[PDB]
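Following: one structure in structure tokens, then a few remarks.
Only one protein chain is missing from this complex, and each of the others stays in its spot.
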Amino acid sequence: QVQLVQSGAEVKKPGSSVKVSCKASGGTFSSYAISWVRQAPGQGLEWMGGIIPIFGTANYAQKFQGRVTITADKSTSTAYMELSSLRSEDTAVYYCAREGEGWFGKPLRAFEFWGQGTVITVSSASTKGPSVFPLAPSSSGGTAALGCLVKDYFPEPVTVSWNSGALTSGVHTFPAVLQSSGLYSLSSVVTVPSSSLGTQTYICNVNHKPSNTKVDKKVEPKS
Amino acid sequence: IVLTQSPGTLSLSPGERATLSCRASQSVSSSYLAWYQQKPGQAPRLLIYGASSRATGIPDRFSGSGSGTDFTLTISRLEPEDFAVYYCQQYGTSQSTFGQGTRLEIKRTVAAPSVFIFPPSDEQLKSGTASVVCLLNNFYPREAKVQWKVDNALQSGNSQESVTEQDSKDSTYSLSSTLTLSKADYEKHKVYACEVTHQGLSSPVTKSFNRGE
Partner (left out) sequence: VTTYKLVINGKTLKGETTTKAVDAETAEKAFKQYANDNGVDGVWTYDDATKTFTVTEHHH
């Protein structure tokens, strides 16, 4: 069955170039268009271009003519996209999509199959593990809120759990925010009964794979 | 071509009928109009191709219609898994454009937020920066306003915020806002307050603390 597997996330310096790969398995790789569609954080779908491998002819959105190159390698059923002189506005998820087939007569004229996406971050920042600060419950009717502030890391993503995954009810982990420093920042909060602050331990488990940070912060009530 | 979707947000209850609109600046052939569904963190999913044909595996409560410049996606009875972002697309070999997306959100009763404020921790103040966090928990609708005040002076340009997706259990939203100052600026003031405006509050709510106490 048709499957598109894309290469992994990349951080790139501004002005450089990146090559993203999309390997297709389980279908003919020849007469069906492979396109590239990008999505900047919080924004819509934007078609970049596409190629019919058997003909080799690539088309591009006007916006990207001159710094994108889409190629296809029939020897490995892989499609490639090269984007050069990267700018910050090129931070996005890049999807590869393949046209579907008709029943007997053909082109679907729609993207039936999508890759899982490739996160491209364009930044001059260096890899940095997070700082984890407590958001301490104070002394909201019988309910207390606490959490962790996961600050000044790069790149995305970080994962947060509470008490090694045993605490899930009331948990809110917010989408990260990009600071003027170039570093990301996010908060995870949990709502708990005020009565439990004296008897339960609340530990936020922070994982940042790019820096191999695995770190556990005990959040205790301030007196 | 410019594809314009309406409305931008559609708030409906499960069981209701959703009608999504895609209008084109110029005529689009019916076999080139496709609809996609996208959920947070996932790739888009093909729903309708050729304006009216359901892709393999799409339940028959999804239907598409239209020709020329007016196209429509109808969902006859909203199941909870149908709340998502929807994109129309004009498929093309040499040029292809997407609509800007419609967000289909669950409508529920108004719920005022619970507001908490957290001072910067002692361990952060060791490092020369101070972060103040205001939490707005489980409110609906999504629109909320947060004003920071330092010694009753309105702040500006020194905060960032973000909002959760809509909760699957109770359909509410939560919001976190962080006000950032140097440690030196934080030591020069005493009252840190966060004032929340929202539809479920008959008047702005203020949560605050005095530095030190």
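To keep things simple, chains are lettered A and B as they appear, and every chain counts its residues starting from 1.
Just so we're on the same page, a residue touches a chain if its C-beta (ideal position, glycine included) is under 8 Å from a C-beta of that chain, and two chains touch if they have at least 3 such contacts.
K.L.:
Would you indicate which residue among B:70, B:79 or B:123 is in contact with the undisplayed chain?
P.N.:
B:123
K.L.:
For chain A, enumerate the residues touching the unshown chain of the complex.
P.N.:
127, 129, 131-134, 152, 206, 208, 211-220
K.L.:
Extract the touching residues of chain B with respect to the undisplayed chain.
P.N.:
On the side of chain B, residues 121-124, 126-127 touch the unshown chain.
Everything below uses one rule, namely that only the chains that are shown with their structure count from here on.
K.L.:
What does chain A use to touch chain B in their complex?
P.N.:
Interface residues on chain A, with respect to chain B: 33, 35, 37, 44-47, 50, 52, 59, 61, 95, 97, 100, 108-112, 114-117, 131, 133-136, 138, 140, 143, 145, 147, 149, 151, 172, 174-177, 179, 185-187, 189, 191.
K.L.:
Touching chain A in the complex: which residues of chain B?
P.N.:
Residue list for chain B touching chain A: 31-32, 34, 36, 38, 43-46, 49-50, 55-56, 87, 89, 91, 93-101, 114, 116, 118, 120-121, 123-124, 127, 131, 133, 135, 137, 160-164, 174, 176, 178, 180, 209.
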